[PDB]
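*Asks:* In case you want the letters, here they are:
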Amino acid sequence: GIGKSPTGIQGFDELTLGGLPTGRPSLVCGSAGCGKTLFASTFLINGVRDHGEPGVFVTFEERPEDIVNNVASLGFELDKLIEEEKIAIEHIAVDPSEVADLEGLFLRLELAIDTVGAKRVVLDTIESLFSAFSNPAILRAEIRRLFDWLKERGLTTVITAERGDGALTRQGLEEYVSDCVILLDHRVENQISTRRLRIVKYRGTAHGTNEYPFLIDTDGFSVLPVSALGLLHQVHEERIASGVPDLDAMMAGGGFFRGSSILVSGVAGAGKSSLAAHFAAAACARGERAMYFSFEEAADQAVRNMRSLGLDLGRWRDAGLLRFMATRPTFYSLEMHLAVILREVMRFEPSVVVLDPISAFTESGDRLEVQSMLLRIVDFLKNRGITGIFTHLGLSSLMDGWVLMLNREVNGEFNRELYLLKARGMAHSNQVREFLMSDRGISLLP
Amino acid sequence: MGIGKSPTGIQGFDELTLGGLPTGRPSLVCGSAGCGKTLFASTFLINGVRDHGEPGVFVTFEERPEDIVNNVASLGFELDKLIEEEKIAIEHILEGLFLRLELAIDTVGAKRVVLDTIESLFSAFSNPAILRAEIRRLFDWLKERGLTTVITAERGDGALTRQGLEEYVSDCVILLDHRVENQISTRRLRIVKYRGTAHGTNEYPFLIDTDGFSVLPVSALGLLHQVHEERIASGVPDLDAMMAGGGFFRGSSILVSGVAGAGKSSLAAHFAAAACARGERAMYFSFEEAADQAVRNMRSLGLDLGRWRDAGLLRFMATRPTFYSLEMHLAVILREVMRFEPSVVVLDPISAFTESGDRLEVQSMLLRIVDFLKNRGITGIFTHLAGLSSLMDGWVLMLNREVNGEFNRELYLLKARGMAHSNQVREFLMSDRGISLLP
Amino acid sequence: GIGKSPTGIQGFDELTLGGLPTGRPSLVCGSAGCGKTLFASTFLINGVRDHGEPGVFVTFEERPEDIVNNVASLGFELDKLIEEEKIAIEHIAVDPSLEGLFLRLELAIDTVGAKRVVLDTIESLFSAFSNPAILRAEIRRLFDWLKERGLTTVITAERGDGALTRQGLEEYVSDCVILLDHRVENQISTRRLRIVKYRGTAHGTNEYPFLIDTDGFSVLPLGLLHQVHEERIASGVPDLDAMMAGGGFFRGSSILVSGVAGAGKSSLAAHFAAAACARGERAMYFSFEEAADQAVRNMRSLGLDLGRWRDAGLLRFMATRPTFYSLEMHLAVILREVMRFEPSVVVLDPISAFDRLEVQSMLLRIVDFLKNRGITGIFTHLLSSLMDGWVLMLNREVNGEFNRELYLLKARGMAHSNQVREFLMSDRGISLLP
Amino acid sequence: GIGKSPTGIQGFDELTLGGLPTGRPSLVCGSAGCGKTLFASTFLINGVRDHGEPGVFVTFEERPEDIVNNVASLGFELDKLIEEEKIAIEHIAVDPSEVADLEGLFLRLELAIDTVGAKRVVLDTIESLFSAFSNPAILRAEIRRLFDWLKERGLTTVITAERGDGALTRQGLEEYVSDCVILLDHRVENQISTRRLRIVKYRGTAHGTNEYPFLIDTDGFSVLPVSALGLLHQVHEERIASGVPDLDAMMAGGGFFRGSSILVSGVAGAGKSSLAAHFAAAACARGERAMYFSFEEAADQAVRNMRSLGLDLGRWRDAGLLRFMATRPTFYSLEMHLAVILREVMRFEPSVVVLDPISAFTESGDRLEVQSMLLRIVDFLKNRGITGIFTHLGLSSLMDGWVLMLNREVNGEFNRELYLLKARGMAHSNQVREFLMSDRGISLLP
Ligand SMILES: Nc1ncnc2c1ncn2[C@@H]1O[C@H](COP(=O)(O)OP(=O)(O)O)[C@@H](O)[C@H]1O
Ligand SMILES: Nc1ncnc2c1ncn2[C@@H]1O[C@H](COP(=O)(O)OP(=O)(O)O)[C@@H](O)[C@H]1O
Ligand SMILES: Nc1ncnc2c1ncn2[C@@H]1O[C@H](COP(=O)(O)OP(=O)(O)O)[C@@H](O)[C@H]1O
Ligand SMILES: Nc1ncnc2c1ncn2[C@@H]1O[C@H](COP(=O)(O)OP(=O)(O)O)[C@@H](O)[C@H]1O
Ligand SMILES: Nc1ncnc2c1ncn2[C@@H]1O[C@H](COP(=O)(O)OP(=O)(O)O)[C@@H](O)[C@H]1O
Ligand SMILES: Nc1ncnc2c1ncn2[C@@H]1O[C@H](COP(=O)(O)OP(=O)(O)O)[C@@H](O)[C@H]1O
Ligand SMILES: Nc1ncnc2c1ncn2[C@@H]1O[C@H](COP(=O)(O)OP(=O)(O)O)[C@@H](O)[C@H]1O
Ligand SMILES: Nc1ncnc2c1ncn2[C@@H]1O[C@H](COP(=O)(O)OP(=O)(O)O)[C@@H](O)[C@H]1O
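Residue numbers (this note's numbering), protein chains in the order written: chain A, 1 to 446; chain B, 1 to 439; chain C, 1 to 434; chain D, 1 to 446.
Hints listed in this document are in silico derivations from the structure and should not be mistaken for laboratory results. One should not assume that every hint holds.
Unchecked claim - Computed footprint of chain B on chain C, listed as stretches where at least three residues anywhere in the stretch have a Cβ under 8 Å from a Cβ of chain B:
(1) 88-97
(2) 348-357
Said to hold, decoys possible - Residues on chain A that point at chain B, a partial pick, calculated with CB under 7 Å:
(3) 96
(4) 97
(5) 200
For every residue, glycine included, the Cβ atom is placed at its ideal position computed from N, Cα and C.
Based on the sequences and whatever the hints tell you, model everything.
*Replies:* Following this line, the structure appears as structure tokens:
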């Protein structure tokens, strides 16, 4: 096979089944601000601090001081690594030389490689040297000289590529001369930007072909890990207590399955948030830890509103079992939102997760995007064994349980009814049940 | 007096080209980066040596042989073994070019040639007429030498090739394409030109998996259905009894429509369990619930899907629609149905694809699925949460409808093609004894 | 009226109102694999075979043996014609490189006494002219030369990146321009031909789909001149027939059987076809969701034995899939089979299986052809004003049981029953009551 | 003001309020086959045969023999005019001269002008001479030399322009140097081609700015005449007899207004075609002449079908009062269809015009195109005083009268009812009326 050098970006390495190709040049293309320089920096830094592989960073415009300080904010301590002689930075600048001896660069490169003992290399803005080459055949020959140099030396090299007016690179050659080609793009849609990565080419390995949204937060380059893939869900035969005993009773077995995904759907003011809060509070009382993701209400406001029904979510927030997360759709974009959901869930290790409401994303993306991000969330939760409570104003087919709460007018008065529409794996009551809200909470009438 | 074809060993490609590539003539596999031109040419050579003994030479102008060999070693091409057996050679590099090629060919007496990165030379020619003359010189040399050549071409910022002339100088031109839509990449092959023969003019999706370069074969053409008189047992004897003759015809396509919690997955599980208990092998494609979850939920109704699975008769496949494209979904389905050769297939629910494509794409996919299963005499069950009765030989509508604050479960036998069927509506009950219709 | 030379493609000659312009050059433009070379080959070979007009194929790049073999499969049999001195192929080659070309041409044309010429891949020469003025001046010199000699010439133009040709001038210097394009839509590729310019004549200006089949370059030639007959047709359901004054529908009519699934659309269409075959008429049944054996099996349930008629050769059952080769291609296949079989009754089941405007045009054309040929057509659907008769078959829920009823919603030119008729399906078939 | 030289294309001259500008150069741009050469030919020919204005046709590639024969099919008898010395053709060809004395062309031009006494000039494929000029400033200067030459001589000149890759002309200069610029385009939509003309520029005059569909039939360049514009309708206080006396009675005054537009709408088999045929037959019996435009039925078939109801449309067809026109939507494109409708109506001078059905165009164009072409037809008819009967399966607001024919099921039987929904300018019955079809025709029950 082909050897794989890992980068340290967990999601990227997973999608590439081990990382970049070892002893070969890799191309990371994109426009300005897409993440190519930071990806190469992370490649080098993680190669040193996770695989004892020293690195050299060749820069043709960006100053070495700039290169270290532009990552100091991510705590990479590149200044540290440079003083410790695990990473070196070689700066090459030109001006009258460009009109027209690349062996000099080869010598300088080899010298830095030997000083640091480098096994990984980064070549940033090679365009500064190769934009002088006007004839395409000559440009191709020289790029081949450089890439074959690196191959011979067996250095794992990440080479930057400016997209310019082109689909991958300005001149449209390095994408064909490289063995692994990655595209980073920063696409805006309805004033919202999303970073996406794509493995366009990778000889000698399978990988993910699709576009994969990624992130450059204060924690650096980060990709959604495919590990939490779909349909590997944990199956539990134990049941969950919802906090509404009269609902829990309607099902044979005493309640919904643990790690089940249950959709509470209805009209506004029908009790969806109330039921979800009941779920979370029952879990926290049992001693589990729960997450409540509000997208329409503030955490303090939800605690208040539920106080009216007798749920003291504040007690759980203080104990540290319940964690509220309030965020509106426009802020934290759809992929951003998926990422924060999954991440904060990993950190808190909840047992029950409530999404109130999953309709808040209905108007923030086409049917496919909304449905697919919801698929990802539900798969993540069930693979972790988390009981998910999704409130809503096709999803029913995706959910393990379905509760419908209706405040309907009859004879000049609104009555609240509850339907258990779906409850896979059990017998359950077909009978509509009237339900009342009060200080005692949600109750069901005979 | 048709032309002569040399097969590539890619079943789908050879079926679409009616024999393979033009023999003794150069073809042009155009494509962007990572679309599979080099892999298609490598497969051409490897299948030539394995299936028909025709030695092969891979002439690369820029990439090195060890890199070629490692690039394909992960797919089990055993290039190194073939080079030692002197069946395949990998040589690195206009009369001089011709001599170097004759050398590379003499290494193993190659009958199949591949030209990788011919752009190294042809980018030097700036004048269009000169470039065209040289290209035609090379292509005519390859025509006369008695070798079947596959030439890779770089699309670049072009429709097929970067300079836009080799596609016109060649006689067989195939575009390899990797198009993204809704973040999903689909690999497609197209025959843009093929002089001397009929062939598939449409776009055809293909995979580059552990099986290599693979095109779905159109040998499962539509409307060649296997027609059987024998009936298939549903596992619900009252349902099968509603139909004169004992139930649905074997090899039929049967839709099970309804609202969530209506019993569609349950009826389909009854079908699969009945088949496995008869000793036939069944396949449950679940697009929404994991295999173990489905087994658990069906145990409640009293079906030991787990027993049938461990017996090897039942194959569960859990697959999220959004993970692939619709074309790739069809390809994966059909491939696994081939590998398993089941008698009963379940798709639970096909409605999970409607979201992932417009009516035309999903309808075509379901056309191909039903045509495949019926051409093989496989009874297909499709659950649904819309005019799909077009492709369905049978149709069962399961309702869980509210009356007086109570939900009654009813069954409609809407379509029973070719048989007297009860058009009455039957109330049913679900229990540990399964699905039972009340008399 | 300009002088025209037929190409031999029925549809193309009909569209161009006689064919290509005589003694003048024509420009067949297209991207790679669109059919310009085959079009030119057909021009020449049909010229020699149908009109005795010898031909010369001047190729600047492609080899003559390649030219012969790339068309041998189509039965054109060019090699015999070269031996017989009806057609010639002349290979002009160029490598790092004015009237000498004209000299060689003239020699070629005189060897075989050619009145038709093809010029394939003049780009070999015209790609070296950088100056646009120079290039078009040379193009004009060539076109003039050909017009002075009076040879009907088809010139191939490579579209390349351009909209017609790579350099964008031959389309202006030529008098007749035909753009062939192989356009993909939903992974389905359709070949279209368009007469961009044809000086001196009216002609079809739209895009016309064509097919390069194993028979070759083919275009489908329909109109609103329906053949009118009073004769009445037996439906197989004599009571339905009786509901109509005189005893049925008009022979040549177009009928729509509409309803839900399991309503009896295919049953009624099979009844029509079986009645026709029984009285001795050739009937055709185009299904787009059912195999022929499946149809005979399912109709034997109601008592129709279509196997009898199929074996007798009176019934021809054809099964296709709509999503394969595009709507106009379908139309073409259905049409060719109707032409072959000269059926009295044609069935299309379901027509709903076939975007909106395309399907509307296809259906209008099918009805037009059947009517003009005098054939009665039974269309099934899961239009009402485009047909002549309309039968609505209902399987409606009443008291938790589906009752089966029939409406005769439309029957142009006759008094029918405004009454609904409850109908029963049984081993004997379709029956009704008042 | 500016002098206007008419071309002979009635619609073009109307849209330009008199034709091209006199003594100035005009540019007719377009791709191949759009109608520029034929427009210039018509310009010259009609200038000679309608305004005693002799012409010269300068051609730079197309042979003079070709130029005459390519119009012989239109009966222009250009060979005649050339022998009679009213039009001349001057052919200029080049080849080695193009690499690099335009005064020679000026001399040749002036000589032809003086021979024929020309007042109109056409310059066809000036590109053959001016494509040699590479520098844009020099090309502009030379084009200005030529156009100023023509201006000085006061010749009304039509200059061809090849569109090429450009929006109007290949080099993008003549459109700015000309005083009148016209664009001819041949746009395909759903495999159907439509010819459109546009006055892009015309200094010194008002004109139509919109795109105007035109035609090149066997009668040559032809434009829809805007003269039959909208809302100048003829207003009649006399009434029409529909042939259904019981319908005519429901309206105060004895029937619909003459020159009225009446929409018969309903379900299939409801009697729309029958009522329309009754209208046409009543008119033809009165002695008027009527047109019946079928888009779903053949003329013989419609005569048969109506025979069943007792209308002998064959008698009227034979008398010459009734004229049938059968054509399907796809054939005779939407603009094509408008054109044939209007034209054949002008020729036949009908009194009643039936369009059966105007729904046949529902699926052949977007709502705006269908509605606007229908607007044009209705305006044309009412401006001529023609009574229009439009059958159908927003238009109601456009129609002067509205009849609704419904075959509705009740108690397992279909009954036919007739509603007079609208009838401007009169009192009319609000009562639904049952109607029966028989050999006696359409009758209404008390
Ligand atoms: N220290 C940092 N902290 C947070 N975000 C950063 C940091 N550095 C860069 N980014 C984000 O990642 C992007 C990466 O920029 P960079 O890769 O250096 O430029 P390019 O991709 O053009 O080479 C920036 O545009 C910014 O949005
Ligand atoms: N003490 C109480 N007694 C009765 N009803 C209450 C009480 N407190 C809150 N509610 C009801 O709860 C509703 C809000 O429920 P909520 O959980 O927000 O449902 P949704 O999520 O559908 O908006 C209010 O409309 C109100 O009728
Ligand atoms: N061993 C492998 N396993 C799976 N996929 C592979 C393997 N080798 C190559 N591929 C696929 O083929 C693509 C490269 O094919 P190749 O023909 O070499 O590229 P190009 O189209 O640039 O010539 C990669 O993007 C990858 O998805
Ligand atoms: N033992 C049982 N008794 C009664 N009903 C049951 C039993 N087990 C499962 N069910 C019913 O089966 C339903 C799940 O059926 P399923 O096959 O998932 O239908 P669908 O696929 O239409 O959602 C539950 O809603 C429940 O009502
Ligand atoms: N013998 C044949 N049988 C069927 N189809 C053919 C045959 N020869 C050529 N074709 C078809 O004709 C198309 C174009 O042929 P050709 O005219 O040579 O292309 P070009 O546009 O380069 O001239 C091909 O795509 C192929 O499908
Ligand atoms: N022997 C029979 N007795 C009663 N009904 C029958 C018999 N054979 C077939 N059928 C009916 O015919 C129907 C199939 O009719 P079909 O022609 O397929 O209608 P459609 O084309 O509208 O689907 C079935 O639903 C079935 O009820
Ligand atoms: N004699 C004719 N009879 C009918 N239609 C014609 C005639 N001559 C030309 N046409 C139509 O009008 C168009 C005008 O062509 P022309 O104006 O000469 O070319 P261009 O517009 O490229 O200069 C032709 O493409 C053809 O469709
Ligand atoms: N002699 C008759 N007696 C009764 N009804 C008739 C007679 N002749 C024709 N019809 C009726 O005329 C209808 C056709 O009317 P038509 O004018 O085509 O209406 P539409 O234009 O709405 O289709 C048929 O459905 C039929 O019921």
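*Asks:* The structure should be examined with respect to each hint, and the outcome stated for every one.
*Replies:* So, going through the hints one by one against the coordinates:
Check on the region 88-97 of chain C: 4 of its residues sit with their Cβ under 8 Å from a Cβ of chain B, so the three-residue criterion for coverage holds. Look at the region 348-357 of chain C against chain B: 4 of its residues bring a Cβ nearer than 8 Å to a Cβ of that chain, three or more, so the hint holds. At a threshold of 7 Å, the smallest CB-CB gap from residue 96(A) to chain B is about 27 Å, leaving the interface hint violated. For residue 97(A), the interface hint is violated, since its Cβ never comes within 7 Å of a Cβ in chain B; the closest pair sits about 24 Å apart.
A cut of 7 Å between beta carbons decides the hint on residue 200(A): the least distance to chain B is about 5 Å, and the hint holds.
Checked against the numbered hints given earlier, this structure breaks hints 3 and 4; the rest are met.
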